[PDB]
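One protein chain is absent from this view; the other protein chains keep their places.
Naming follows writing order (A, B, C, D and E), and every chain is counted from residue 1.
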Amino acid sequence: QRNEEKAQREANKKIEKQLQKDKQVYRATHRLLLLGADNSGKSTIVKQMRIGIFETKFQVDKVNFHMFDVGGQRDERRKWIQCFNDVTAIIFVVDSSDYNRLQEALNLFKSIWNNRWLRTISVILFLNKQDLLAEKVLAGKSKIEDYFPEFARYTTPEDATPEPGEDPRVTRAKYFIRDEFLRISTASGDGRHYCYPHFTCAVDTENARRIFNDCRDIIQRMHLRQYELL
Amino acid sequence: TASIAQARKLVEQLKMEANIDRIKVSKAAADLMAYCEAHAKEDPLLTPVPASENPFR
Amino acid sequence: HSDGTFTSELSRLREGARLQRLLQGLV
Amino acid sequence: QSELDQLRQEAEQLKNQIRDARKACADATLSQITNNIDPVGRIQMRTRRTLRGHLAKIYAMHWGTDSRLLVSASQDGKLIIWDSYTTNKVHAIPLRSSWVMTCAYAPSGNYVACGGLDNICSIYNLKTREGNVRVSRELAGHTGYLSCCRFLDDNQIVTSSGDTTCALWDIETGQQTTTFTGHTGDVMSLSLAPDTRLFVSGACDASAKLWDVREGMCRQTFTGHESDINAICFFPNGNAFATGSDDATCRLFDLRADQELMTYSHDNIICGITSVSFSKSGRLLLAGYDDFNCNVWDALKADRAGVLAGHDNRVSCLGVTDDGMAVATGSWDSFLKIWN
Amino acid sequence: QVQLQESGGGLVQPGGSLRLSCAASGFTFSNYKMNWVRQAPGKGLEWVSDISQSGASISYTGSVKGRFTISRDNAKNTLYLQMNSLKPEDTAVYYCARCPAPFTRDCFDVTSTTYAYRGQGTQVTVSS
Partner (left out) sequence: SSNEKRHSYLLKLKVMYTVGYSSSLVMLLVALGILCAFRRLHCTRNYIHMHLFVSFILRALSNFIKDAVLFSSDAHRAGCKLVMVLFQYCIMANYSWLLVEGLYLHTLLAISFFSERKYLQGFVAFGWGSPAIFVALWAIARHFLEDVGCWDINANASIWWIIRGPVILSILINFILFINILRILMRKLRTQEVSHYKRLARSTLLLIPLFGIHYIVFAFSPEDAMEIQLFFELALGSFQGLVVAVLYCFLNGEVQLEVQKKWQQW
């Protein structure tokens, strides 16, 4: 017909210019995979990120982030997790005040860190509910050494900035919990991805900025690895 | 409670698969042989097609 | 820049050299 | 309570009965019956086209009955209908949910289907008169991610989900008309029989199940794999099928002898199969892998016959045309490659 | 078919020892990282111990470190958990779990409610 073909080329022109308009939007927005447990408190975290699967959109310094709380799937996650091998970061929320379940968080971390399709994604680790851990430590009725026998031989590390007016046992507890994840993070993460641990509670307002800063750091290290400068 | 019905359904669905009519594996392989040997001529990947009829070249 | 400085210097020197050869030939 | 004990021993009794019945028909092997056939040699195929335009990983790809048009799903939110002859983009559909894991092209060509982590199967009208490609319908009712969907006609679609169940729908009404249960893991793949009267399914429990569509029961169950089954595809005559798994092997099963006919594996292959497909004759078995390339197997001697090594990332999906001339391969490198 | 049958376990008084065994079949045992998980009456499935393919790497939940000892016999396709000083908080159903994929260090979903490659479990009732 030799006329159909140029109409096809015109449709292709329109489609491809729309596609390159959409590529600017796709590459300007950063996708975050929000993982956690029923007790971790991801709902309150996304309640701080004001502005089958749930999405929240927030903006920090005119940069757009889309965080995907998968939610309505059954408990097995080894297949759909692969759908997130491209995200900027995995935001991993942990209920730090629940020692009995901490070992199930660590293992989950240990499997996210070591998964073939997630072995380059960085994990922004939010140790949530710090006030609960504080009151549980000061109550004294719950011993971290009962669940983790390596807490008796542990001391507050050197680069450990405590909060003002904080009891030192609380500091030992929270930094031991953080170092439990950091050991997994360092045992296999060879500069290709890093864990960014933060201590947060349910009333903190600066979580979006923390994710913004960790995402900036991830991008900068990707650029510094492109140039073979690091 | 639920595991009872689970196991019962499992065993019943398993035995309802047992009264199927099976053949020998010899026939099950000869059938595939005969199919891929009868339809061998019209497979443009097994026997490559020259650029005259090939639309993707 | 340095290419320009080399060019200026070599040009000036060989100009002076041609002038000097003319001065020998004429005097 | 002896109820669980006696049901346990009843299940073991008749399960081992089925084991010996499967055993009481294995007179020989497919390898020794095809011990005299001719090898196909070395299947050399080249990248004829390379389709570009997807921004993110390609997760699914269905080949139209046109044997020319493609639909491809990428996890950036785009269904791109494609003309493979001219590499032109007929359509580009923006999706509501970016995380699509499957796509389907109606055998009549009027509608496409896609669904992912939103648990909804979206059907889009391609042949509208008012001049737009809009959402024809949203099939909701799964409680897990939708991993595969296939049209039986322009009114009925069968979709498999991560909630361990398959569902045959009625698109005009939007109501699920049949539910196929029995899998104990995520259902990953679907494959319809030539007459679309049966369909076989593979789940994340190392098991495949044959279902009758109209009644809604499971006819046969096949085991033999060691890990999750990622992809299933029928044999062109519909009396066999092939499964690809995370245990780095492929297996050909028969529907009449009811047991694994053949296994396609190699020691140098320790990555999982992501997709499989048969050539129009059934002599070649295409299998996409995690090692970034596809492998062409002689489906009767199990010796690998060729390699399709042109992709930079994980090979998601394979598709052989109805006429058997081309082989589309999608991948996580965002590029579709036609081979011939 | 993939099959994991557990043996051992039963009645012991606090301070007793038990050898839980897990006979594997239907797959290559030397490829998969193995796990012991448990479910005590009235709560969810919890991970107890794990051992890698060859058997060098080994880990425990922490409330069993020093008391439980995991050990695989690849040449015999068997997994073992030896428990020396049993406390009352160890009475539970004990399942032998396999890792999902055959050459990985990460094992997802082993403590899932209906994970497919898990055994039926042995009841270990520790009471005096």
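Definition applied: contacts are C-beta pairs under 8 Å (C-beta built on N, C-alpha and C of every residue); 3 or more make two chains touch, one makes a residue touch a chain.
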Message: If I consider the whole complex, including the chain that's not displayed, which of D:4, D:24, D:28 or D:309 touches that chain?
response: D:309
Task: Touching the absent chain in the whole complex: find that residue among A:179, A:204 or A:217.
output: A:217
Message: Which parts of subunit A face the unshown chain closely enough to count as touching?
response: 24, 28, 61, 63, 194, 196, 216-217, 219-221, 223-224, 226-230
Statement: subunit C residues touching the chain left out here are 1-17
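Throughout what follows, only the chains that are shown with their structure count from here on.
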Field: Pair joined by the larger number of C-beta contacts - A-D, B-D
entry: B-D
- prompt: Between subunit C and subunit E, what is the separation of their C-alpha centroids in Å?
  reply: 92
Field: Inter-chain centre distance, subunit C versus subunit D - centres from mean C-alpha coordinates, in Å
entry: 82
Query: CA centre of subunit A versus CA centre of subunit E: separation in Å?
result: 30
- prompt: Mind pulling the subunit E residues that touch 2 or more other chains?
  reply: 100, 114
- prompt: What are the residues of subunit B that contact at least two other chains?
  reply: none
Message: Touching residues of subunit B toward subunit D in the complex: what are they?
response: 3-4, 7-8, 10-11, 13-15, 17-18, 20, 22-33, 35-36, 39-40, 42-46, 48-49, 54-57
Message: If we count contacts the way the header does, which residues on subunit E are in touch with subunit D in the complex?
response: 1-2, 26-28, 100-103, 114, 116-117
Task: Note which residues of subunit A are touching subunit D in the complex, please.
output: 5, 8-9, 11-12, 15-16, 18-19, 22-23, 26-27, 52-53, 68, 70, 72-74, 76, 78-80, 83, 85-86, 116-117
